[PDB]
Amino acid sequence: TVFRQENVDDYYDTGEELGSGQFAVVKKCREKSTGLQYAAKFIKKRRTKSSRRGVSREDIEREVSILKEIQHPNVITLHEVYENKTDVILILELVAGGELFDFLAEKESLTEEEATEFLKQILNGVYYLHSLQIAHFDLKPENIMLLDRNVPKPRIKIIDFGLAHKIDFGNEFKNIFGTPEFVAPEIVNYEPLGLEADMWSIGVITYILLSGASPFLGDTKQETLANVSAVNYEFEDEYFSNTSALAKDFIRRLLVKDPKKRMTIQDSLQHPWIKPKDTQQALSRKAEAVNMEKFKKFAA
C-alpha cells in the first residue's frame, strides 16, 4: 500500500510529546489548511528484516488497514497516513482527556450505576469491532481514554490497534503477546485465538474498576501467567464487600477458561447487570458503590 510521500511538516505544525512506545512516539499537531488539531504518531520502520529496532511493514499495514475500516464514536479515528525513509506517520483523532482510570481516581465516590455508564461505552465499542470480526487483543486500562475531561458526560475512546486482527475463517491464529495480567488463558498456552479473548480482558477490567485490585497479578511474571492459566482468582472480602451479586455474576461469566463457554459481547449487553430486566435489579447497581480508597491506590 502507498502512503503519502510528502513532508508532513508542509501540512502540519507539530508540538509537544503526548506519549511514547518502544518504536513509537506521539506528538500534538495542527493541520494548517483547517486549523484543526490531531495527534501525529511516528512509528519506526525496521527497514532491515534482521533488525529488532523497528516495526515490520506487515504489522504496520495491518494496523492501518483495520484503522481505515472503523468509524464509531467509541473508537479512535484515522485521518491521514504519511511515510518517509525512517518512519510511518499516522494522523489520528486527538484524544486529550487522558486515561479513564485516572479520571475516576479523582472523584469523591463512584456507584455501580455510574461505573456501568462508562462500561457500556466500552461494551459498545467492542460490540462494533466484533461485529466487523475485529479482535483488539490489547484491551487494558492504558487504552481506555477520554475524549474530553471537562464535559457533563465524558466520551470513552478505545485506542492502540497495534495487536488488532481481523478474524480469518479457515485459518486458526496462534501467538503469544500482550500484557500478562490482562491476557486470556488461550494466549498464555499458545492456543487458537478469536474474539473471545477480548471478552476475558473486559472481565479483568471490570474486576479492577469495581475494586482497584488486579485479579491475577502475582509476584513474578511467571506467577501471573500461572494464575491466568489456572483461572486462580478470588473476590476478596477486603475489596468486594459492597459489590452486588449481579456484578460478580457478570465477571464470573467472562473469566472462563473455555472460550466457547465464555460470555459474548451481545450476551454481555443483555446481562441484567448491564440491562436490568425489572424491579430492584436496578436497585443493586443504583444503591451499591465502589470503594474509592482502594481504587485511588491502583491508579497511583
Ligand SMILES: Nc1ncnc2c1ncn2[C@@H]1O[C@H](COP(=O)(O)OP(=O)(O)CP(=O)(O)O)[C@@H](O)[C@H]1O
Contents of the next structure:
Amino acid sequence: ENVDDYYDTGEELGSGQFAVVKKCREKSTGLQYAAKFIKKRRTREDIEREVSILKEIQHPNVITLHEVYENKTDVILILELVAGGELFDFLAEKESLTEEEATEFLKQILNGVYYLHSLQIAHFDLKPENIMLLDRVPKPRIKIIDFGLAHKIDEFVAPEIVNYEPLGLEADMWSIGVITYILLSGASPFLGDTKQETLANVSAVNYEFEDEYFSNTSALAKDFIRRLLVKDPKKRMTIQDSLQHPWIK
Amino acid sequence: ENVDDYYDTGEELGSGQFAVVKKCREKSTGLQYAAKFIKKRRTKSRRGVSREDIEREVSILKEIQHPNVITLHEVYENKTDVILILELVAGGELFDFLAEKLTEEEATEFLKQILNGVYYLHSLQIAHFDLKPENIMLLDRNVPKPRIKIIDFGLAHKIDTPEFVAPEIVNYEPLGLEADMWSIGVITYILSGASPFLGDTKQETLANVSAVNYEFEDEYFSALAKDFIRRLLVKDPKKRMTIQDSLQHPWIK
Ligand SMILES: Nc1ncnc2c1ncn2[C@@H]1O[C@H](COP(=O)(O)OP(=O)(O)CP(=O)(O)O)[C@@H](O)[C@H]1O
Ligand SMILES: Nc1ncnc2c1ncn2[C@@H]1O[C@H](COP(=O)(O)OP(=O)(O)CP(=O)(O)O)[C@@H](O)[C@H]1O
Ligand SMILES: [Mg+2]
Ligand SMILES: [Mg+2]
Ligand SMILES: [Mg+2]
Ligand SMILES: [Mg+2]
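Can you now output the form solved in complex with the ligand? The one shown was the form solved without the ligand.
Let us now look at the entire complex, which starts with that chain.
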C-alpha cells in the first residue's frame, strides 16, 4: 500500500545509518507526523520488535505510533511528531543546566522510564539524541524516542551458558546516571581519548566529579548520580527508588 | 483442533518435566508418528512451557528438513497441552544404545551424521542448545551402522552508545553457534562410557565445566580422537572449532 496516497512528504528531521526521519503531512486531516523510513536488509524482525513495542505503549513522555507502511525497500513508521528538536540540541545551546532545570527534565524522563519498566520494556538506548522536546516554554516538555533497541525483559552445557547472566532494566538506570552527569556539566563521565579507553572506562566505572564542573554541585545531586553509576546491576538504584530520591523530591 | 479424532494413541516413547511423547497411528493412512504433548504454562509460575517457547519449537521444526533432523507433521492444542505430531524415530535414543553396549570407527560413524545435521542447522543460523545422547535418536538399533536423527528442539534459537552504555552491556557476549560445538565435544568424549565434567554435586559439575576441568584418564583412553575433543572443549567460544572446521579435521576427512 502506498504512503504517498495519504501523506505529503516534507524534509528531513534526522538521520542514522539505516533510517531517515522526515516530516509528513497527512492528506486527510492536515495533521503533521514524523515518518521513519527504515531501509530493510535485502538478505529485520528487529523492525517488528520496534513496531510491536511502539504499538503497546502510551504515555505523555513517550512517542506514539500512528500507522505503518511497507514499500519495496523501506518499512515506514508514521510516528507522533515532536517539534522542539533534541534535548541534545537544547543541551548544546544551553551549555549545561542548573539543578532546578535538570531536575525538571529529569522528572519527565524518569516518568517515561517508570512506565516502560512497568511493562517490562527496556529501552537500551537512553541518551540525549533520543530525547526530544515538544516546544523549545521556559520549562520544556520531553518525549522519549527511538525504540527497537527496546526489548521485553523476562553437564553438556558450555561455559558461556553456565555463566550466562541476561541483561535487564538496570541498564536504563545506568544511562540515566550518565545522562544526569552530562546534564549538570559540560561533560561525558566515561569518555577517553579512544574507543578502547572509553570501554575500559565504563567497565572499571572509572569516573570522577571534577572540580571544573562539580565544585558547587549539591550533595544530593552527587548522591543521585553515584547511586546509579554502580557496576553490579543488582545494587543500582531502580526506577522506583529514583523517583523518591530527595533530589527528585 | 482435537487429536483423538484423527490418531489412535500408542505406547509411551519417553517423558520429561514438561512433555510426554507417544507413538500414534494416523487414522487416515495407517502411518505412525510421535506425539509430543507439551504442558502449557498457566501464568507468567514455572510449571509448563510458555506460549512463546512452544511457538519457537514449532517454528524451527516447521522450517527444517534434512535426513539427520526430525520432521513436523501437524499441531494440535487443548486447554492443557500443545500437541506436536512428529516424524517417528523407532530405534531408541543414542543414550539407550550406549547403555546396551565403542571402537573409534563405531564412534566416527555416529559423529559424522551428527556433524552433518549440525552443519545443516547452523547453515540456517539455528543453534540447538541441547545436544546430548537422550536427544539423538536412531532410525534402527539393529543395523551395523545405525542412522540418526537429531530430536528435541525445545531450546533451539535463530542466531541474529558506548558512553551511555552500562558495564554489563560492554561485557555482554551473546550465546551463539559455538555452544553446540562444545556439546559435540562432550558427545565425542562419551564415545569411554564416561562424562568429561561430571561432579558429585550439580555445583561440582558446574564448577568443572566453566573451568574446563577434564582429563583423558588412562583407565579409559589408549590418538587423533583426542585432538578433535581438545580443539572443541575450549573456554573462549570464539576460538573453538566450528562445524566446518570439525568437518575439515583430519580425524574426520
Ligand atoms: N518522533 C520524532 N519526532 C521528531 N524527530 C524524530 C522522531 N523520531 C526520530 N526523530 C529523529 O531521528 C532520531 C530518532 O529516531 P532514530 O533516528 O534515533 O532511529 P535510529 O536511532 O534507529 C537511526 P540509526 O539507528 O540508523 O542511527 C532523532 O535524533 C530525531 O532527530
Ligand atoms: N520424534 C521422536 N521419535 C521418537 N522418539 C521421540 C521423538 N521425540 C521425542 N522422543 C522421545 O521422548 C523424549 C521426548 O522428546 P524430547 O523429550 O526430547 O522433549 P524434551 O526433552 O525438551 C522434554 P523436557 O524438557 O520436559 O525434559 C525423547 O528424549 C525421546 O526419548
Ligand atoms: Mg537515535
Ligand atoms: Mg536506533
Ligand atoms: Mg529430551
Ligand atoms: Mg528440551
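Note that the rigid core is defined as the largest set of C-alphas that superpose within 1.5 Å between two forms. Positions refer to the first chain, counted from 1.
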Among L217, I159, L163, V188, which is the residue that shifts its C-alpha 2 Å or more between the two forms, core superposed?
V188
If the two forms are fitted on the core, does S229 show a Cα displacement reaching 2 angstroms between the two forms?
no
So, superposing on the core, is the move of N124 at the CA at least 2 angstroms between the two forms?
no
Superposing on the rigid core, I want to see if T77 changes position between the two forms - specifically a Cα shift of 2 Å or more.
no
Core-fitted comparison between the two forms - CA shift at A105, Å
4.3
